[PDB]
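A.B. asks: Listed below are the residues making up each chain.
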Amino acid sequence: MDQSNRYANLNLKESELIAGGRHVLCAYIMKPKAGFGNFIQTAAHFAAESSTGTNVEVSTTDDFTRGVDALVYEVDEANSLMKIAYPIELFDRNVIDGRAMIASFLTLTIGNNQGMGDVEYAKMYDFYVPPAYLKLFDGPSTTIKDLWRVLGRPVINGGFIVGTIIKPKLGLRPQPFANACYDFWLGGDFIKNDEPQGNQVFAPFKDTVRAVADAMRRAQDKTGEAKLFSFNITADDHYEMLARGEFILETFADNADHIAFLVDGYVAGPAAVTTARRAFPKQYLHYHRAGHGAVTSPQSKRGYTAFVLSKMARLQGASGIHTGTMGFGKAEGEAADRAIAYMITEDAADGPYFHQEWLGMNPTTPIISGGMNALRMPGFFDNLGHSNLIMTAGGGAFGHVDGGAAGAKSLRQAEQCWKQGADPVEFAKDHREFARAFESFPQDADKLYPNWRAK
Amino acid sequence: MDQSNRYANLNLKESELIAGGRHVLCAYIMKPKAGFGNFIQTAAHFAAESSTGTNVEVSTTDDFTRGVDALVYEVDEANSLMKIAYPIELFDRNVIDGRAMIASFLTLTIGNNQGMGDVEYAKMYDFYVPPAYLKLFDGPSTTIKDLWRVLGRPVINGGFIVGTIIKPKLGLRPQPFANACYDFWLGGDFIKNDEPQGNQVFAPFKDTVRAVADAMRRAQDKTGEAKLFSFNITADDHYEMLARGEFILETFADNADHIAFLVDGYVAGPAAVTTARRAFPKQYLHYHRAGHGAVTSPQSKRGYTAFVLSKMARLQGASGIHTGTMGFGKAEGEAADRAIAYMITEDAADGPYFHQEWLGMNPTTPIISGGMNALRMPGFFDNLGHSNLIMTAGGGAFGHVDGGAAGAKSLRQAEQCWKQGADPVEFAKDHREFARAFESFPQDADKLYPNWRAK
Amino acid sequence: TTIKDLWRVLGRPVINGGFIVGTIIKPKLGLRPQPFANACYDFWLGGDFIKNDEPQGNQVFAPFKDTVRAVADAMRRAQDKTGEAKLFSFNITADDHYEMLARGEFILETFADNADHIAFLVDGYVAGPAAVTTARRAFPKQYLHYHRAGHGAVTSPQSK
Ligand SMILES: O=C(O)[C@@](O)(COP(=O)(O)O)[C@H](O)[C@H](O)COP(=O)(O)O
Ligand SMILES: O=C(O)[C@@](O)(COP(=O)(O)O)[C@H](O)[C@H](O)COP(=O)(O)O
Ligand SMILES: [Mg+2]
Ligand SMILES: [Mg+2]
Ligand SMILES: [Mg+2]
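Chains as they are written, first to last, in the UniProt record's numbering: chain A, 1 to 455; chain B, 1 to 455; chain C, 142 to 301.
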């Protein structure tokens, strides 16, 4: 069945759809499956399955229904590009507070359309959200502004936050876990649970939280510096998340505002993120995106990009989200991913297809992680252009030859080197911990700095 | 860095790992990227990023940590097969009730390993859960048994539940929506919200629920038969889900046990499914998997298959989940998908790699949906072997030439035909609504039964 | 929840999993927290199941939370010694609904990975159906143990 006449209107202008402010726009890279309809026909059926229609006409359809049809307004079969306009009336709203839910945006714009039999693949690269819909999203309630304040930094451009992940990913019992925390904090600011760390039988949650709380007090008393921790509170059960969050804050007491909450937002889902966002709005919401690679990878032609995930996360209210190393680390990623960072930090930014005004909605911090160490940092910052962010280096810190504390300081000095505009090798002469990172990871040193041994 | 010696032990035997009952087993189809390590090295790194390790050695590692390492115990580079054993101690547990969470299973077994730079792609096709871990999951609290009981059917092999989806997907205002419900119920049993239907501004939640409740009462009084409805209560906010569920049960009153709760479990996440499962254990939990196609499609080489999704859903506690049309409908799917149904319905069943004993855990109903109609049903049942399930046909019912009521009966008569083992064309002669379905969808009739008009 | 869920915890077949060896901690009242737990440990060396005697709860000489902790210790020690799973049925009976929740929640949190080894006992006849439903609905995943103390006032054939 051909549904082009109803669900496609290429005479529509994007500038007018945007100016109207009554449509969510979504840009897909789509290719029809072979043996079915052409591009516009497939795009039309795509729009139908994403709004008001099914695979056949139904008698129950009326004119009011047609008014809220999602419309294909622009196609480019040569570049496999497809743009669809979704009337904002389609998207579900909370009965309790009239606010928007990302779950509805997902169900419509990238739901059933991913299982279409006449489609080979389709993947969202960008979307635009107008003011009337944008202002209905929670947005972040806590930002890096609040972490900077705890560290005693300026609340505007407070600078680089030295971070790490406790490694091993799993296996440390409560006190050995806390000992690694104390060590790193002697040189660093920020520590986060590795994503699966929680209430394993060999490391009970409450015992670990107490041990870490003790370590924070000892580290802070020792260094005279404020220290931060990001606890994983991910769970299937909403009430388990509350139980964990409430215990952590009560346990840390006067250090409660030094605490961030980590949520495995991609595998646990938006529901888990919102649980954290709404139950603990005064605590930095740390969005961990474990599993995202199943769709965000360029190897995947389905789902949505990392850029889309990151943009959605800001609406959901993540205080910060992992954006990747932009090709400088161990995970898949490219230098062009810097655009993702700008989209979640700025009040106005360009996506791959749409320009987005955020209307003063708070920013989401780019959390940089994945095989980072002191050696790889200068290059990363060159590509990004700033260091006002959190970077966590698990292996990069605890893999340091002189231990976690030295590892922390190497990360600190690595960033100091970049802002100083100094030569890292020349810089190493006057900064031991940074110099010792060359010996900690000689293969990285050999490729990045070919003749470091001579100096 | 080569981590094979630690994270790979091919001398381990699967039969013994299963007999041990201390390991979750996962079977992946993985291909290393070019320019990195070989297959076993990559598989070893995979296990490391999926359990205890990172991309470099850390000083904090001890012998206890090694004891809980995930181990690559079987590989087949020719078939790109990789099997990994996860010690069950790795997986997170609720502090509040000591029970398991699927979120932890996801974070470890298909989390960060999907973003690895040295891997081209990796996708889980099967997993095994031993008794000690299995019994810690919620499992379903309500089954089709409870819907059969409400319909007045036998609680054992109570038979086919005629269902539909209210179409248009969106656009119907409260009363026209309820009118369509009334019409279908004149011939059918079961109605579900189309996945995005909730609290749209043109169709307020509370207004729609009240109108549908009225339709149920009128239809039941008219036909003298019990009728069922599955309401979408999906939301980002846990408390929005509670509010929707509570209002529905209170509104329907003495028909409250006629209500199922639908959750968009893939896009809203496991957290949303558990909210419904635990808040409303006495209400049939209807798992809608919108968006799953982004990873489950055979076109995707990442994430996990529909089989894995469905098996997980049973652990999560879905009363029923969409399993697809198995190649007989509009969506991507194959005839071999019958194995998925058996895995969630039987107490013992075979996966593509692992045999699973469920230890009396309740079954999850296979919900058949996606471009189905009366004509396509006999073929589907032939492949499955039974009709003890819910089938919903949106277009197939409301696309019927004589309307939804006639549409319902065509679905009813279609299954009666298969149950009687009669010839559909011959059967149609004595059953009009079924016969009229041929004219409703002539292309399907022409392809399935080439010479139907003469008779 | 049914006996099937207890059989599963014991590692028994979920169909006709067989006889569950049980006892009641005696004296009915009088044992302090650790002596209570010691008796639990002793019985578990040969048995499967232990229940609070019906009035045992939060007596001043045997505080609830202290006893629960000591019993959890006994279960872990017994299980490590015997290599067998052990069960306990805790009395959570109370006039106050929220007292019942508090007792149940504390027990499950305390036992942690052994939480599914826990049953909840309710004096359903004297406390009433309201108390039984509190447990049934608050803790549907925990075996609900109905104790009928006082029933004889009407159930006896001597009563008409
Ligand atoms: O588990 C890990 O691998 C990490 O702790 C990195 O460890 P290392 O610093 O030791 O490499 C992070 O969770 C990943 O960076 C997540 O990736 P992303 O930020 O792309 O979501
Ligand atoms: O919105 C829809 O398309 C449906 O209501 C079917 O409508 P029709 O009956 O009109 O085809 C179902 O949600 C899909 O079947 C989901 O697919 P799956 O079960 O594969 O997850
Ligand atoms: Mg991590
Ligand atoms: Mg639907
Ligand atoms: Mg007694």
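Just so you know, the hints here were simulated from the structure itself, not pulled from any lab data.
You may find that some hints are simply not true.
Stated by the list, open to error - Derived, one-sided and incomplete: chain C residues facing chain B with beta-carbon distance under 8 Å:
#1 150
#2 153
#3 155
#4 214
#5 221
#6 225
#7 252
#8 256
#9 277
#10 281
To be verified - With a straight-line Cα cutoff of 20 Å, these simulated DMTMM-like cross-link-like pairs (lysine to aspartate or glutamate) come out:
#11 A/145 / A/118
#12 A/206 / C/214
#13 A/447 / B/225
#14 B/145 / B/63
#15 A/301 / B/225
#16 B/447 / A/423
A virtual CB, placed ideally from N, CA and C, is assigned to each residue, including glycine.
A.B. asks: Please go over all the hints and tell whether each is borne out by the structure.
C.D. replies: Results of checking the hints against the structure:
The interface hint given for residue 150 of chain C holds, since its Cβ lies 7 Å from the closest Cβ of chain B, which is under the 8 Å cut-off. For residue 153 of chain C, the interface hint is violated, since its Cβ never comes within 8 Å of a Cβ in chain B; the closest pair sits about 10 Å apart. Annotation: interface hint on residue 155 of chain C holds; nearest CB of chain B at approximately 4 Å, less than 8 Å. For residue 214 of chain C, the interface hint is violated, the least distance from its beta-carbon to any beta-carbon of chain B being 16 Å, above 8 Å.
For residue 221 of chain C, the interface hint is violated, the least distance from its beta-carbon to any beta-carbon of chain B being 15 Å, above 8 Å. Checking residue 225 of chain C against chain B by beta carbon gives a least distance of about 13 Å; that is not within 8 Å, so the hint is violated. Because the beta carbon of residue 252 of chain C sits about 7 Å from the nearest beta carbon in chain B, less than 8 Å, this interface hint is met. At about 3 Å, the closest approach between the beta carbon of residue 256 of chain C and any beta carbon in chain B falls short of 8 Å, and the interface hint on this residue holds.
Taking 8 Å as the C-beta cut-off, the interface hint given for residue 277 of chain C is violated, the closest approach to chain B being about 11 Å. Nearest Cβ of chain B to the Cβ of residue 281 of chain C: about 6 Å, under the 8 Å cut. The hint holds. Taking the CA atoms of residue 145 of chain A and residue 118 of chain A, the gap is about 48 Å. The hint is violated against a cut of 20 Å. With a C-alpha separation of about 17 Å, the suggested pairing of residue 206 of chain A with residue 214 of chain C holds against the 20 Å cut-off.
About 76 Å separates the Cα atoms of residue 447 of chain A and residue 225 of chain B, which puts this hinted pair outside 20 Å; it is violated. The straight-line distance between the Cα atoms of residue 145 of chain B and residue 63 of chain B is roughly 50 Å, outside the 20 Å bound, and the hint therefore fails. With a C-alpha separation of about 47 Å, the suggested pair residue 301 of chain A and residue 225 of chain B falls outside the 20 Å cut-off, and the hint is violated. With a CA separation close to 73 Å, the supplied pair residue 447 of chain B and residue 423 of chain A exceeds the 20 Å bound.
Of the numbered hints given earlier, the model fails hints 2, 4, 5, 6, 9, 11, 13, 14, 15 and 16; all others are met.
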